[PDB]
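Listed below, chain by chain, are the residues.
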Amino acid sequence: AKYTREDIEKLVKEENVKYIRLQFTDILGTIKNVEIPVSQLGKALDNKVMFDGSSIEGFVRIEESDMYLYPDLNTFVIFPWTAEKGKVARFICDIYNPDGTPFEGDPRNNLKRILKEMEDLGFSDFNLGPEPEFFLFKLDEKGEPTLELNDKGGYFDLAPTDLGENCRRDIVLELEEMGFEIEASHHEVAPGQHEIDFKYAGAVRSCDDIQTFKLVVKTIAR
Amino acid sequence: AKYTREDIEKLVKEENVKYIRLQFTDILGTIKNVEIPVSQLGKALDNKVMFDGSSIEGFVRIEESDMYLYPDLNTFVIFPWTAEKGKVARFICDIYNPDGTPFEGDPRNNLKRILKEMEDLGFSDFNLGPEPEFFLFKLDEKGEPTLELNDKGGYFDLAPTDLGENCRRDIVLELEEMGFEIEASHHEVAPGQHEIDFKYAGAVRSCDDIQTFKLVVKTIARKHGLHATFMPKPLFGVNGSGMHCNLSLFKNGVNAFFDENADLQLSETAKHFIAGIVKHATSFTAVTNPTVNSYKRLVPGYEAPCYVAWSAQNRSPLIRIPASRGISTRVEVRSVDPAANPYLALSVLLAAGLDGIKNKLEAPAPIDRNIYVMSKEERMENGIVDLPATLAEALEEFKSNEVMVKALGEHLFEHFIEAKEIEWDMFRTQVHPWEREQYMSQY
Amino acid sequence: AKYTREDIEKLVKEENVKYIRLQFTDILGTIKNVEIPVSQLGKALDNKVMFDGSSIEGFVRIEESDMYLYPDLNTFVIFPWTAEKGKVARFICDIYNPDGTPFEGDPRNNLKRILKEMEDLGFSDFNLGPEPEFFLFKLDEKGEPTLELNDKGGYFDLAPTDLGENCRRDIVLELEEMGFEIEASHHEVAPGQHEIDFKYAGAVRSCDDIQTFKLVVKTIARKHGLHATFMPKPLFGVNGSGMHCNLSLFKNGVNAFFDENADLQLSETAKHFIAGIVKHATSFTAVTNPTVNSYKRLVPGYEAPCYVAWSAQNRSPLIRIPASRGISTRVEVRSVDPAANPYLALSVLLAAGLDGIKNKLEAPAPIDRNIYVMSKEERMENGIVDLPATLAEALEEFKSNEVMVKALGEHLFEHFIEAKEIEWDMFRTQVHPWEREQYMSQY
Ligand SMILES: Nc1ncnc2c1ncn2[C@@H]1O[C@H](COP(=O)(O)OP(=O)(O)O)[C@@H](O)[C@H]1O
Ligand SMILES: Nc1ncnc2c1ncn2[C@@H]1O[C@H](COP(=O)(O)OP(=O)(O)O)[C@@H](O)[C@H]1O
Ligand SMILES: Nc1ncnc2c1ncn2[C@@H]1O[C@H](COP(=O)(O)OP(=O)(O)O)[C@@H](O)[C@H]1O
Ligand SMILES: C[S@](=O)(CC[C@H](N)C(=O)O)=NP(=O)(O)O
Ligand SMILES: C[S@](=O)(CC[C@H](N)C(=O)O)=NP(=O)(O)O
Ligand SMILES: [Mg+2]
Ligand SMILES: [Mg+2]
Ligand SMILES: [Mg+2]
Ligand SMILES: [Mg+2]
Ligand SMILES: [Mg+2]
Ligand SMILES: [Mg+2]
Ligand SMILES: [Mg+2]
Ligand SMILES: [Mg+2]
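Chains as they are written, first to last, in the deposited numbering: chain D, 2 to 223; chain C, 2 to 444; chain I, 2 to 444.
No lab work stands behind these hints: they were computed from the structure. Errors might be hidden in some of the hints.
Below are the PhoX-like pairs computed for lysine-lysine, each with C-alpha atoms no more than 20 Å apart in a straight line [as the list claims (entries may be wrong)]: (1) I:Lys139 with I:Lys224; (2) D:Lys143 with C:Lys400; (3) C:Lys139 with D:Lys215; (4) C:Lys88 with C:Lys44; (5) I:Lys359 with I:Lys113; (6) C:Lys224 with C:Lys117; (7) C:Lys86 with C:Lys280; (8) D:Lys86 with C:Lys224; (9) C:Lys49 with C:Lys33; (10) C:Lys280 with C:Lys400; (11) D:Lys143 with C:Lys143; (12) I:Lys359 with I:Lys252; (13) C:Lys44 with D:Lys143; (14) C:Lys377 with I:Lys200; (15) C:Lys252 with D:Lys44; (16) I:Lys224 with I:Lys86; (17) C:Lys143 with C:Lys224; (18) C:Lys200 with D:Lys49; (19) C:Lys139 with C:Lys19; (20) C:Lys88 with C:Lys33; (21) I:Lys224 with I:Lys3; (22) C:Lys400 with I:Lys377; (23) D:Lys219 with C:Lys88; (24) D:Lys19 with C:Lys200; (25) I:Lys400 with I:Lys377; (26) I:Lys14 with I:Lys113; (27) D:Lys139 with D:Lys215; (28) D:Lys143 with C:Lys224; (29) C:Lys14 with C:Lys117; (30) D:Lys139 with C:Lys153; (31) C:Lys11 with C:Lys33.
Short, incomplete list of chain C residues facing chain I, as computed with Cβ under 8 Å [what the hints assert, rightly or not]: (32) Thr230; (33) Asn371; (34) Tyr373; (35) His433.
Idealized CB from N, CA, C, for every residue including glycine.
Working from the sequences, and respecting the hints, build out all of it.
Quick look at the structure:
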């Protein structure tokens with residue numbers, strides 16, 4: 002759809018991507034990834050990059066732990082905060098057993114199944130508009146979180162009172178460079194609470210966006 | 002021959018190499034080196050630079066100290082982190098005695114001898130793909146190691162949780178500039194644990210690369226305020242670091258382990274090889290796991306081998322055969338740790354697997370199970386043998402085995418055992434704080 | 002025939018005893034007790050006092066936990082330091098099951114049974130003279146021990162260098178008043194180490210004394226703001242603590258070990274007995290040195306045994322025969338340490354001794370030198386065997402000896418190995434600071 006193998010191969014050149022991150026989600030929803038140099042691109046596109054399935058919550062057992070990664074070409078995105086020292090592009094992947102059959106405990110794959118039940122009932126799109134709110138806490142000299150909120154502002158508050166204005170300003174900028182359609186940005190009701198909103202999309206793409214957003218938020222807050 | 006004298010003389014000019022390092026490995030696996038002004042290149046390429054052999058662990062003695070360094074032209078490499086103050090090219094060297102003859106106590110030379118036995122069995126390449134895991138700890142304000150991990154992340158974790166991402170990315174940059182072929186990098190299971198992988202090469206070049214890697218990891222880590230350690234189990238309760246050895250044989254430029262039409266697509270040769278590794282397993286553990294600490298990693302529940310058995314795609318035995326086939330068919334030996342002298346670990350693993358082949362030994366039934374959870378009685382019913390439980394226990398199995406002892410040779414074997422006996426003894430006579438916590442108020 | 006129920010009821014009234022302590026010993030040798038007001042004396046003297054045997058190391062299990070206490074009348078003793086606020090008399094007790102039969106797992110009971118095998122061979126009594134050394138550490142402001150030794154004195158040192166005269170002086174006062182025959186008191190070889198000797202008694206009374214002794218030392222030491230410990234080897238490089246066991250067999254009330262017309266004035270029984278000890282030595286060591294730390298004392302150079310041999314007036318072998326003869330002729334077994342359970346150590350030493358006499362075994366030639374300064378060669382040529390070098394080796398040896406295993410009984414044997422196998426496993430998997438100092442930087 003969006004991209005073909007050859008599109009990706011060409012994009013990778015024009016952008017001077019140096020490393021590819023293969024990412025996926027475990028059963029708890031926590032994003033996981035491995036980094037490979039761009040020279041391994043053909044290996045990843047061949048569904049040849051493997052991993053220890055027993056080292057990921059909710060996957061396979063150690064007796065049969067080998068597991069394969071099948072990147073979804075349509076999920077190609079460059080991480081702006083990495084260009085300066087080694088530009089990275091990520092792919093979100095489906096999980097496959099070593100025999101060629103899809104892994105039945107892959108949460109992203111299971112969602113595709115319920116989507117097929119949607120199709121056979123006549124619908125062509127299930128759209129999601131996620132609004133994942135977050136708090137911001139102050140780190141200490143040892144970069145560890147404390148329980149001190151970034152500010153004591155409330156809903157829709159303006160700076161001096163809202164002190165997360167710049168953080169959420171930088172976040173919004175990373176997302177926009179990564180293709181997000183940001184819709185709104187503000188301080189939420191509780192002290193140290195923030196919301197950034199983005200346009201809905203297809204259910205799978207939208208779950209891919211939630212995992213991408215959480216990552217970019219935590220990164221820029223740091 | 003990759004490079005010739007003339008190539009190296011021209012590389013040095015057109016690259017402005019200001020200093021040369023002559024490196025080699027001691028018996029414990031420690032990188033050693035001397036640096037000379039590039040004006041001394043002729044002296045060194047004439048095998049004329051000398052050093053004090055009685056100051057390198059397990060080499061010669063003080064009455065006959067003089068020893069010589071003979072650079073191997075194919076290991077010529079430049080260190081990127083030195084270029085701005087004074088560019089440095091390294092040579093890995095072989096040790097020779099003053100009378101022109103190779104030193105029989107050089108770990109690298111020994112590996113070459115075992116590789117010639119391979120050539121006589123008809124094989125033409127022994128590929129090793131090493132995967133040496135390491136931890137990162139924070140330096141204090143005096144540049145010294147502390148006990149604080151660099152982070153509390155886990156397997157394949159992403160940054161905020163993974164904080165080694167930048168250090169790893171800087172390690173991968175130096176290795177890539179140095180010609181390494183990087184395959185992957187990631188946070189490993191325990192907190193502050195990491196792995197960078199790279200393509201397999203011939204036995205000698207792969208050990209050379211294990212040596213260069215440990216060096217480049219420790220250096221770059223230090224620039225980011227960290228201390229990298231390949232110590233096997235630095236902390237109780239979490240995973241230890243392994244140095245898995247992916248082994249394969251080539252014959253005619255083809256993976257002799259792959260058989261298109263055969264059980265698991267493993268050829269008979271692969272099966273005899275596995276039969277060899279299995280037979281001598283308990284015997285070469287002392288060499289593949291040479292520190293007291295090594296035996297604290299060899300305990301069930303941490304994805305480290307503690308029972309001799311093989312299996313496909315199974316991360317609990319001594320030998321996993323990964324699901325890859327074709328040119329990537331390989332026997333992965335998961336016992337080796339990154340404290341092992343890579344040159345001597347391959348010598349003993351090559352000899353074991355060449356034993357199985359040349360005597361067509363029969364491989365055992367694979368255990369397709371989580372060996373860690375299978376009961377005592379049940380694993381002795383399958384002939385499952387436990388690995389040695391301490392370095393002293395491992396040294397005793399090693400002494401008892403002629404083919405492994407021959408694999409090291411007299412000098413290596415005599416020195417290796419003496420050094421390990423000293424170490425074990427120190428350890429065993431120390432009174433540890435643990436003992437005081439357990440007994441000082443109780444008794 | 003020391004005290005009868007009527008004696009006890011009378012003493013209690015005349016001495017104005019206000020509470021009664023019923024004490025016993027668990028499988029590790031740890032003293033245990035419950036206290037009851039003197040109004041419950043009758044309940045206790047009727048063997049009706051119960052306890053949770055499921056909560057005492059090595060006894061019974063949770064679903065069968067009810068156990069009973071049977072005071073042994075002849076162990077009545079008043080603790081003087083308790084007389085000011087509420088005078089306390091104690092009784093040592095035997096553990097019984099709720100059906101009325103003795104408990105098979107009770108260490109003291111077990112020593113009785115081996116003593117009955119001594120009677121069957123015709124001996125009136127088995128005398129033990131314990132000398133269990135200890136160290137004094139300074140307490141801090143929280144009442145917790147530190148690693149500061151109370152003084153930096155040495156053997157037989159005088160006060161100011163010896164700052165232990167105060168405390169020992171008070172220990173001796175309590176003991177003399179509780180009825181001990183004290184024989185000597187002094188600073189011992191290592192900094193902060195002390196010895197207080199007391200007259201031998203019959204094995205059962207001697208083990209009761211050792212328990213009462215460790216109790217009184219620790220108490221009086223705390224009153225001087227010191228922590229007393231019987232840990233075998235609190236610190237590397239200085240002497241450990243022993244609990245030398247002076248053994249002897251009497252017959253018709255006469256020392257069976259003395260024979261003035263014999264060589265060394267050692268009788269045949271002595272010689273046979275010593276042969277019994279030497280034979281089972283490497284086998285009973287797990288019992289007489291039951292901790293991990295025990296094996297750190299069992300190194301050469303510290304006046305602790307290393308090697309199975311015996312000699313007169315020599316402090317380097319496993320068995321020393323002191324100069325004194327006549328009623329004092331005795332075999333001193335220096336391997337035992339003060340972490341041993343006194344009942345089980347006597348039980349295994351008696352069993353070994355009695356095997357020697359029963360089969361009239363022939364003693365080895367005494368090794369009349371400093372075993373420490375003998376080479377590996379010399380020792381082999383003399384048939385000198387090494388003691389087990391870790392708790393794990395001692396356990397394996399102990400298991401393969403039917404006569405030692407049977408000295409313990411089924412319940413004790415089985416529960417001992419279980420507890421020490423567990424203990425050893427904790428120790429072996431532990432990663433010690435040493436390992437980090439050695440390897441964390443080197444690798
Ligand atoms: N047809 C639709 N289906 C699903 N989501 C939609 C649709 N139209 C809009 N949305 C999304 O719903 C979300 C509403 O967010 P927001 O503007 O924060 O709402 P609220 O009014 O709750 O604050 C946005 O992500 C928006 O893109
Ligand atoms: N034929 C071969 N012989 C030896 N090693 C090989 C061969 N093919 C691949 N390898 C190596 O095996 C190693 C496997 O590393 P990795 O991919 O981390 O393994 P895993 O799947 O164990 O996590 C790599 O260094 C790889 O280059
Ligand atoms: N016949 C005997 N049997 C057992 N022990 C005895 C006998 N005679 C003396 N002893 C004891 O042996 C121990 C010797 O202690 P000590 O005088 O400190 O000996 P050493 O000479 O080892 O320093 C004392 O407890 C003493 O009562
Ligand atoms: C996560 S693992 O199976 C962890 C292995 C462990 N560190 C060890 O060998 O001690 N390593 P890999 O998947 O790279 O083979
Ligand atoms: C001074 S000594 O040989 C010191 C003995 C040492 N404590 C040990 O047995 O480990 N004891 P003793 O003379 O009382 O028999
Ligand atoms: Mg909203
Ligand atoms: Mg909201
Ligand atoms: Mg790997
Ligand atoms: Mg790994
Ligand atoms: Mg591996
Ligand atoms: Mg004494
Ligand atoms: Mg003494
Ligand atoms: Mg003594």
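Query raised in the report: So which hints don't hold here, by number, going up?
Result: The structure conflicts with hints 2, 3, 6, 7, 13, 14, 15, 19, 21, 23, 25, 26, 29, 31, 33, 34, although it agrees with all the remaining ones.
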